[PDB]
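Heads up, the chain below is alone and in the form solved without this ligand; it's given as structure tokens.
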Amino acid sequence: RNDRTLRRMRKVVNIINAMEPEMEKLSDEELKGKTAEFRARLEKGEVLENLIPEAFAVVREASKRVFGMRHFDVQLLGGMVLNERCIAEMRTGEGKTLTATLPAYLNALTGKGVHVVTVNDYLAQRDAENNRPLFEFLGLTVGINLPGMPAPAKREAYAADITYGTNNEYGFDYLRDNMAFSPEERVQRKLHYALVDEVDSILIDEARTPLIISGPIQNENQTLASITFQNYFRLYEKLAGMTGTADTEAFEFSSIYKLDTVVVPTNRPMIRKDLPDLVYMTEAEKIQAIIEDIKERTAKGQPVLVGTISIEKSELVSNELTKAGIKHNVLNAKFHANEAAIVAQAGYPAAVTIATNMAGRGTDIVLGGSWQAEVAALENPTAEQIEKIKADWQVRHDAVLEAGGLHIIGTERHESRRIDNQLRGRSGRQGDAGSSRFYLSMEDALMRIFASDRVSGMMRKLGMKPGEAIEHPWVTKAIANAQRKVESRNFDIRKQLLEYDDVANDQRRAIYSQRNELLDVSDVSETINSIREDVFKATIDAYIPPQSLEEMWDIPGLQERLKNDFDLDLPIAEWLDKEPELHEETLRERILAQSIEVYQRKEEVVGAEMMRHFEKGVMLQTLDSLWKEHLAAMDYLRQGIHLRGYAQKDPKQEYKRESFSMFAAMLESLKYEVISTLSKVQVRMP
């Protein structure tokens, strides 16, 4: 794995670097033309991966010219990771959005499309509009998909070389496409490449979330179509994504998706100092130590950001900082404008900011303050007002760097380390000096994830002693270990649930493959003919046990069932009693033959083409109704998973059997109902 495929990638980066001179010499129009050239080579059978060096050099030069921005080498590496079935972990500040332009371009060349998957519609629109000038420079088109967009505009978006949209809207389009009655109605093309912008939410937290299209004595209403996010993304030929050195869930990615994760090295060395966790007997002693840390550091001019787990915890450290005479600001979620004013100068010398359940990624904190806010505040910004301001700011920035950068204090750990990782990640971005320290007490909720009141209370025998602490780095490890076992416990449970999910996934995958085979064809004849014989054979068998005497036959039952279910009223009793020659095999053939002549007759009235399309129609409609019905029954079967499979024998397993049985039965019903409808369809006969 590893730096084993990373050192192979570094070799390609040195080829890209070595090519910059060639690219710098090309005209704007020659750069555009590289796209057609790459496509001409692919046409001739070139392997996409062979184009990475030249293609990435093109994209980097186009970005130089268009954006004023040149991918760094580690940006090239990330782009290479994202071409593979991988998660590329790239630290916050590393420029993920720019990095992503690379495998987007690369994977657009074969003419099959690219789906960049964003967390919300604002980002989809933004990233598409921002990148559109880059990709147009290189002779590519950019599409945007939004909820509510009419189907023709959706088709256009999906017909672009690169599409932007949310996870939700891609998934719903897929479902709606598998409710279409003609292939022209579809909006998406074949699912080629999904590049997922933040995989933690999109791929992990939402993995099992169902997308559902719902629809109609009451009427009441019900599921017509369903798929989970996981099973949606599993449909792509190529799948990849990005997240920050966050992750903690590499094993999940692989288990849920067969996505490998790759640590992309930072552009600059990471130098933030993550100091050992500190543990106190009580909250009160914990708070005093936090206050004492703040005090020492603000006196050196170092700014501090404190993350807490609640408003009540935020109030408490505030009030205690005030008692101690230390100025600060609390980020109050009620006051968004105050909050952005505070965050802007959070990197200012000796600044102290308290934040509550600090979200994830966050607004960049500029060391020394943002000078940019300073001019945005000017009534009439000159250019030389804006120089005294940078010069003053430089001194501040460099002084804060000197004092150790941003210090992060976690006043509690969260049960998930990924959240702790996000808080800490707000310091030390882009090579910046920084530090972090997390605080625990024995009356912290988290001192519970060691499932034992004796265990944890031994820490009290280390005594702690009010300001006379030591640091025991084994504690840091011990806590990270406890947090990894919680994640693991939780995932073993999720995994069992996904193994139930895999039954419905396989069923849907089967039914949808069948539906689409039907949708893609103009003429469903061979199938019709073919299931008619199955249906008639099955139907006759119910009344004529195969290879049985005539005395076992229920001909009145067979006569009625043909009338009732097939509109087919045959003098079978009179047939038998007239020719002693008959026999089962020839009877079976007469009936089949008559159903046919009667059907061919209806066709002669309406016309072949009308008939063919009615047949297709009927197949699709009957498939859909039995599938909605199956989805509901699968639901009930699954919630009933507390009384059918028990003593020794596995549930999962009995459920798999019942499921298989019910899906088999559904496919046999499907055949029956189609032929029943087609046999019964009333045509006014001349």
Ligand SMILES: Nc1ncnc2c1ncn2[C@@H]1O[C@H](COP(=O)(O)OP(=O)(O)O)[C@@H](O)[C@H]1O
Contents of the next structure:
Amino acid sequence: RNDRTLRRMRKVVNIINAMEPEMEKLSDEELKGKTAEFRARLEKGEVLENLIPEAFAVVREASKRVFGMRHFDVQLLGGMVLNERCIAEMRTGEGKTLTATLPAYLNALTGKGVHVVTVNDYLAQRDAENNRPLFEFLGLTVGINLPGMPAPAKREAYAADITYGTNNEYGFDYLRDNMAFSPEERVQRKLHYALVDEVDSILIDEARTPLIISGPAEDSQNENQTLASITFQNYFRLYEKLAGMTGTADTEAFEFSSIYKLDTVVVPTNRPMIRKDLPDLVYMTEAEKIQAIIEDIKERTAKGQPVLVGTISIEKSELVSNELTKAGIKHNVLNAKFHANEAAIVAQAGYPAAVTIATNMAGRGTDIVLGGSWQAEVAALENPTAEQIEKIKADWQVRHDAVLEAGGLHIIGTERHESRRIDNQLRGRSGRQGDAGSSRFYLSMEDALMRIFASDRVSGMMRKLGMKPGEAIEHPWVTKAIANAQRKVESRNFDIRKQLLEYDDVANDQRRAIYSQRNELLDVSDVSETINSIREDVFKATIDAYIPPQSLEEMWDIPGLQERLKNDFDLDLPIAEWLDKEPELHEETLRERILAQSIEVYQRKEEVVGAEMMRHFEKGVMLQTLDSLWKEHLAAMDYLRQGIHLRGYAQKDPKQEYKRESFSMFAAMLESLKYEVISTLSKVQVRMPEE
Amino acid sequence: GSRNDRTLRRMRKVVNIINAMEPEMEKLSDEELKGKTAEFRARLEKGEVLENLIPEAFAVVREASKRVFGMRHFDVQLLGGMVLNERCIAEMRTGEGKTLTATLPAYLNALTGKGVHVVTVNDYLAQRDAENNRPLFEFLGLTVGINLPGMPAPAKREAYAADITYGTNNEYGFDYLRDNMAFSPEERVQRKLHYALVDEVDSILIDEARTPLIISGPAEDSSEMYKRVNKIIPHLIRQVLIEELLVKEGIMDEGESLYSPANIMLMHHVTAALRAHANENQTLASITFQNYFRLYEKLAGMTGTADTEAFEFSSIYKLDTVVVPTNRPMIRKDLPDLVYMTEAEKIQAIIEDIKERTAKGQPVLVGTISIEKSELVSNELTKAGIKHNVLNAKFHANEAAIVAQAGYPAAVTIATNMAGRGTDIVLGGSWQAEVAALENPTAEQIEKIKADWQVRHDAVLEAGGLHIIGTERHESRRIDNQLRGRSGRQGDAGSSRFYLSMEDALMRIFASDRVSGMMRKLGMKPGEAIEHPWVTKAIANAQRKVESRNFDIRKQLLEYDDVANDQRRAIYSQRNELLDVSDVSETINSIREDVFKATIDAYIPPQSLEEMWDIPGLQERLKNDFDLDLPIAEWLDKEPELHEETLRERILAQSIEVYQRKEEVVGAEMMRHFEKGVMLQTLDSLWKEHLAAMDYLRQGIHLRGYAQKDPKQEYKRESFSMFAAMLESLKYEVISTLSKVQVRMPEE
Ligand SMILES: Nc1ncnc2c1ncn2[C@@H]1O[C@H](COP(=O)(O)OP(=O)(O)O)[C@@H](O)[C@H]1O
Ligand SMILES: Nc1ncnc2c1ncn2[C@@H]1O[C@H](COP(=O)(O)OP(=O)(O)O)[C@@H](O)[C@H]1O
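In place of the form solved without this ligand, the structure of the form deposited with this ligand bound is requested.
What follows is the entire complex, opening with the chain shown before.
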């Protein structure tokens, strides 16, 4: 764990580092050939992790030739973390994209494929095309999976060495593959490795979201229903190797373990992080709070320090905006209605004494360049020239160093959110890539978040410090108490979710079972041995209902057995005539003649239709019957789950009773499945030109 | 002499004069150009007409912009600027330089020293434009002001005292309103409303026409109201209702009704008391944008070739609209609308189009009405093997990167309710951008990037430029027009095509399911196709009937608003008269007479016999409302000889007498400012009372009832009637307040 894994990994980095001279003296085509060489050793039984030093040095050198970018040491480490069942926490702007090229390469080598999982189709395409040169230079192929892509193009994307696509599309492909009627219709290979780009949304927020295929035609208006379902959690759990990335904003390590058996490793930043996060400040009232904020801004901007003020609503942004104006402090508000205005304001938000106010600041952030962006500047030029640019960079170097000397970007949170990951994202907007920076959050006793101390009195004691319009002290214990209360809400919320997951696990295990069976059936061209085997189960169970085993003859319902056979097995047998003609029948030889009779009737149909046609008919029938009963069972399981309000109550766990019910329903479906297959095959009409 | 054609003919002659002035302006020093302003002002002071100044003043602005901004206005921008000097909307297409154009009218409309208000849609543009233009105009010897929310009143007065002011509609209006709550003239922050130049009139003037600006404060009557009214409630055995309800008390029952448009606040008290089972602010002041902008002596504004709404500007604001030509010929090819049986036939036709165009290297932008519709067309493009990108509103950084390459050869981009104006699509891609990954550029580097871009640029132009596919039209044609106008900007080749199907929602605008359902019979066979120009015109005419219909409905609302406006214009006119004078005594003396005459009329009927006089009603009336206890009867026992009119005189007289005493104790200046104060305050009170009671009458325009005996109109008459009653209660209450005012006399 911990530094032990990290210290061990650091030893590998020194080896990778020491290999670079050897790597720089190789030709491009020799570099290409290391992939062939890695695979030949793998073929001779080599352990993949033994190849990490050489494999990562090859990628680092290919990247410099191809991208003009050389993986940093910390990116080597992150690449190592992602080859295990691990989340790498890497800070924003640390290079997650390039880092991911490392484990992707390594885990492509055994020829089983790589699924790099993106949040949207834009990224899937962008990263596939950007990386295709790197990976072709190394003798690998790259695939792109999209919604709407024809099955042959998808098959091709999945046959590549490394594939890019969204989570949704991967999951939907799995479901549709589990509705195929021949193994050639499948688009995916075995699920080998999932490298997931942004695990907060993809693995945590979406864990229980069902992916569903829906079903126009059905059964006996005729509206549409669920044919196939899997949660995201249980899709990613089918993979042999699972890993992913997120930012240091974190707070959910214990969820990743609980939901996925994923460890999380915090990866060190390339440069030392020096952002000063100062103690949280508490004020009696919003008004005192806001005045404090105005005062901080006032002092900092006078120093030349840029500020970013994050609020929780439009109304509060307007309030702090109006008060800054009332104090004569120039600023800009990020207004969600004016996207162009916003990008233009962002661009210069790190300019000396810039003040920017943002409402529920969100996505990774567009970066804030200190001193300003100088590129927005040349971008704005219409015929930019050499001496023009260096003038521009020259004045910028000075603005940059000046903003740094002044303490870099100061972040002010005017309120904390209930989720600390949100606060962490705002504050992470400062101190990127080793830059000086600072952060401070403000609270009042009127703030909504004071309600997470589930007690007025407890909360309202804080006012006994008294605060007083200027003489503010600072108590560190408040920062920590607040962080503890956000942590408790998360814990509470998750405890509730994990009880929901334990229900989800009943469906999961059932789905895993039935899909395993289906796939066994799918992979086999001839299903005879099962048919024969299940025909005997079905005949025995059917017969038992009328001939209680080893009972006297007077308990037998030969009338009911005759019709049963007729109506379900198309089998019309003079059973009463047999008994009354052979005293020497006996039960067990009755069962045999019945079984034998259905079988020779089936053989006659087969002779008319043909063996191969028959084999394939059996297999189709088995798949189609599986599918029909499984859609039925999914709806029944659905109704049983929401019925969780009048069944298990006064000291019998409702969970334990649901599990009994669910197990009973599954076990019954599996018996129905055999019944219906044999009944279909029994009753299939065939024109006999004769007897 | 026709209309717009003739306008542009005459403006073009002026443009040729302005261009001829340019070498003269060139040769002038910077200080000489700065002096032009003072020289134009000396001319105006000696009686010159402003419009005689247009050519000189424009040559001056245009040469100042060269030297300062390094940009020289185009001839089309001179035209746009002359338009904006008139009560007109200059319609100039996206990309044409509205922001620079607007410096010309602003400069000219500043020369008379009365101020300009540039109106922006937000604070960011206000500020940016202010700062960007300060150097231009300070070069021309003028000053520039910025007005923002929260700005302190001194700062605000300075911004309005600048030559040219920038700010949002909202803040202009709110300043106005608060100026009308001032108790002294020096509290006002604005000057008289001279010229407003509105930057984007579609949102500011149309969409936002009826949006009220409201100042509220508890600034109210207290209670006792609620709780007297409470005390009926513990006998409401809920079994007719009105007579029951009426059942005595105060301020009603002399056989006066409860739902008189007059006892409206009272009735609201009971509607609230009894609806109550299942402080408050109040409006201190309100105005609409439409009625704010109508206060200005000159109004003008800009928008892009985004018309369709000309008839509403003229109807609502009396703004004419001039369509300004483009600096370069606008060659976008806007092709016949196509109509398909089914959504599915339509999409298939779209695909084939994108497919043939991208094979010849032309870029396509595909605009849809929803996310669902975007996913559909995208998936079908993927099914056809066609690469593209969707603009996903969740991924704003993705979207910016998509757009930057959206004019790239064979690029295909799908947009969901794409907005107006928006971020441009550069053909070939963006070449001063491309460098914006490039951390240390050189001689060779950009040169390269730029030449390479040229080849891409020229190849896209030769392929037809950007093609726009509208997959469905909107009900608003303005929107469709904003989408097609993404293409063919600044003289570039481009084209547009809109697609429609019988299954499309928009087919509903043809008020007959069967009349719509005819086209079916011109039955659109799959891969084949024809084009009929009458369909295109029919669709456009349908959209225009839908618009004109919604605007008939709006007009009716605006009739309601005309009542309010007329009442507020009149009371605020009375309020400002008062505010602007130190001494309101003549006003006061005049209205006490009026008040005293009429009060006496009510008991002594003019010319009456001394037995048609009621003094058991007259003297009480006096001691009650005026603190003026005159035992008149007991005079009248002594002088039977005196006569009605010289008794009215002696009545009057007294009140003056007792009031001059109150004054020689308080001080004349004190008394004078207390009187203006009483008059302002009383009018403020009654006004706010009126605003509330009308709000309540208006929401009687619901189920008090009636698509039947004309609700509106009855409303206008009850409202004007109550307004004219309020002006008389203002007079009576002022005089009551000043007659009852307590000030401690002498001693003993
Ligand atoms: N090793 C490197 N050498 C040079 N530039 C790098 C390196 N690693 C990443 N970058 C650049 O750093 C920036 C941030 O990387 P990105 O993957 O977009 O960041 P994040 O971790 O926030 O997703 C990008 O512009 C990327 O190309
Ligand atoms: N006369 C000119 N010469 C050179 N560039 C100009 C001129 N007028 C405007 N532009 C530029 O044209 C671009 C678009 O102008 P803007 O005022 O934003 O256009 P729009 O009419 O669509 O609002 C801006 O970058 C602007 O600075």
